[PDB]
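Here the complex is missing one protein chain, while the rest keep their positions.
Each chain carries a letter (A and B) given by its place in the written order, and its residues are counted from 1.
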Amino acid sequence: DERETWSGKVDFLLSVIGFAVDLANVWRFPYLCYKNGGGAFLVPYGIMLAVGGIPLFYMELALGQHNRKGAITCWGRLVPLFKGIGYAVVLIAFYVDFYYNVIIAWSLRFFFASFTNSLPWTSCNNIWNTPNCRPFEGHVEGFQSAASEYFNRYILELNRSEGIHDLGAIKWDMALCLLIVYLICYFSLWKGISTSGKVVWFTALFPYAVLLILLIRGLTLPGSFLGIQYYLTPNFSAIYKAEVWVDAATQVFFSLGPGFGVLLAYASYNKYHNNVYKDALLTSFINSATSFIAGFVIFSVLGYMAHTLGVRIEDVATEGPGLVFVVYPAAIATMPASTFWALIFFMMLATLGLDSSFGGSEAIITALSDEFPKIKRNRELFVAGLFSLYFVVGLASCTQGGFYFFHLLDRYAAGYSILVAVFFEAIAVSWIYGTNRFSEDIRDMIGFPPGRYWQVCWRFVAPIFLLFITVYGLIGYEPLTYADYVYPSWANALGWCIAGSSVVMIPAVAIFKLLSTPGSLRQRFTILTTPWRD
Amino acid sequence: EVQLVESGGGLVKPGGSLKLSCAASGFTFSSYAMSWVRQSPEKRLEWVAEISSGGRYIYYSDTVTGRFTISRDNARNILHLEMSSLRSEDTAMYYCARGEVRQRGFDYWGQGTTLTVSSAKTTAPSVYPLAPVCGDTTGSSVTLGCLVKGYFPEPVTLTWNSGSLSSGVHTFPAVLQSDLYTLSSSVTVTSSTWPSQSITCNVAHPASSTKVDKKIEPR
Partner (left out) sequence: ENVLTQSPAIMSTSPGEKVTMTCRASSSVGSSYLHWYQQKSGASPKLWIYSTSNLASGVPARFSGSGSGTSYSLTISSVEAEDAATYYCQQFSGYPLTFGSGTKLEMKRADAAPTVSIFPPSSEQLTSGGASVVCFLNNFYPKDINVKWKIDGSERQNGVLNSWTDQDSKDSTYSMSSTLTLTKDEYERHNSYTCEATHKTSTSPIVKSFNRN
């Protein structure tokens, strides 16, 4: 008494499945398989997934659902001292919402430019091109491919920007796509999860439709089999390699959505006795299975290119947006009925980003809705007052220097910020709140306590897991750079400012809570660490 | 291995209160949740209350809700049940069980402790030796008996020759009538087993502290 609940729980599943499955699934996982020991990468991947990844994902879903409240109130309910974690987690998603919807806008901007039987990115003869242009991907950074130039020169107009200090004029063709996205988001998140959980039926399930079409499309392509070899052909030498276990650990962590408070928010709308743990691993499996399936969708087209298009495999296979907005479309244009694959592909990218942003924004709304009764009864005015903030600042990503702004938040906005956030999540839950109390909570929900396995991972494996990633993250750290452009020392300082801005709340809200509570130290401590009961 | 020992319970006047305890051993108590399941004299199983591992989640049946308080000690591995304003309908043998995994039910139960809520005063049984009729002719194996009548409350320990001969021994269950129990026990020995040897009915009624032996010739 009293909270809105998911309609069918397939709403919740598809909502969480949708949130968990995004562009990273397509442009990252496959690259890591190609990069590390082929299919042998699955070994460290699975291991890191079992001990590190799922236990954290399981945690948030079980945590949010039980406490039955938004991210902030959830940690305010759990460990009021660490309630800053709820604050930190929510504004982490608040930050991401700025640069993230840009990729969907890109997807739509490509979706708009994709109506024709002549695709613009297959040509080096166009107005925006360069004498250095290639028909397809090349080794030399100086010479961009044809599809690469289209993305950089036309859509982004990134060449107009000398760096981050120069954003350049706004591209209003881009801002339209951005707003078109927010309109989709607003009307999806308008009435709350009631409408949200219903919308995810498309956004979450559409990609799988497209993935099948493209998977069938790719595997039929000449040399398609060759791509899978570059994909799944195992080198177990990588298994011994430390960097591979890091990529596995990192990917499994960032592939699942913990730390954004979305899972906390989403699962909280669940029925109290609704099985989470079943949903936890079901959602997790579908997520990883999706990437695995998508992996074939990607490298099937790559083997085609290396065969039919005469392109070096290492040149075409790439992570990040470069794969989706350049490499892949480049092969589609060569394919018969290109416009079809293009249209559905870019629609897939949008649908892959849409249900994700739903969760992210939902985490802010839900967290605030439970914390503040005003905006709770005020909603749909809030998402406007929110998304309006986004789009206004979103114009910064619609500029000619757009990607430069994007890439900055991408490496910062959800940073180590989420690592230390989730680390304090795991530590606050496993030690501060205790595993004895947590397993006790789930038993009262799903009917049975979490296995000895799960408790161990939360207490030990997870913390070192995040630590294993956070340490190896700082060990390979380099000042932010894209292409030949290196970000200035002030630009990096702002990125860290964004990273700290979240996590700083944890200690800050800790001191704020400590200063607000009377009594001696040990007294002031326990009172702040005493859970919402009663 | 796992042992659940349940203690307390006894006679309690209606409206009164009584505390029950279950001594758990052979498993980590703080890990497993516990539940009190009671069974009426009519053999009716009713879940009373459940307490979680940490004991921060408590469930009561609509019957005993608010009257009963189920406590827990994880340090001493002891599950209590705090009863208040007891009712005649609350008369039953309470069980201590776990109780942790809902999908697996209750895997281990205690021996059980008996609770009797009645206004009837405790009375000691009058043990009556039963000697066969003097009529001819005696059969191959003659039956002897012992009558325990007008005693309250249960239980009563009735054995034969200090529990030596169990062969052909039927000890009938008590039957409550007008707030008093009447019990009887039959034993069949050989024609010459009695009264050649010593056949005596020993009765134990701990409630009134009545310990009685009956050895009788066919006088």
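By definition in this document, contacts are C-beta pairs under 8 Å (C-beta built on N, C-alpha and C of every residue); 3 or more make two chains touch, one makes a residue touch a chain.
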Per the touch definition above, residue among B:46, B:82 or B:154 touching the missing chain: B:46
Interface with the undisplayed chain - residues on chain B: 35, 37, 39, 43, 45-47, 50, 59-62, 95, 102-112, 126, 128-135, 143, 145, 147, 149, 170-175, 177, 182-184, 186, 188, 216, 219
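Here, only the chains that are shown with their structure count from here on.
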Centre distance in Å when chain A and chain B are each reduced to the mean of their C-alpha atoms: 64
Contact set on chain A toward chain B in their complex: 436-437, 439-440, 443-444, 447-449, 533
In the complex, chain B residues that touch chain A: 30-31, 33, 52-54, 56-57, 100-104
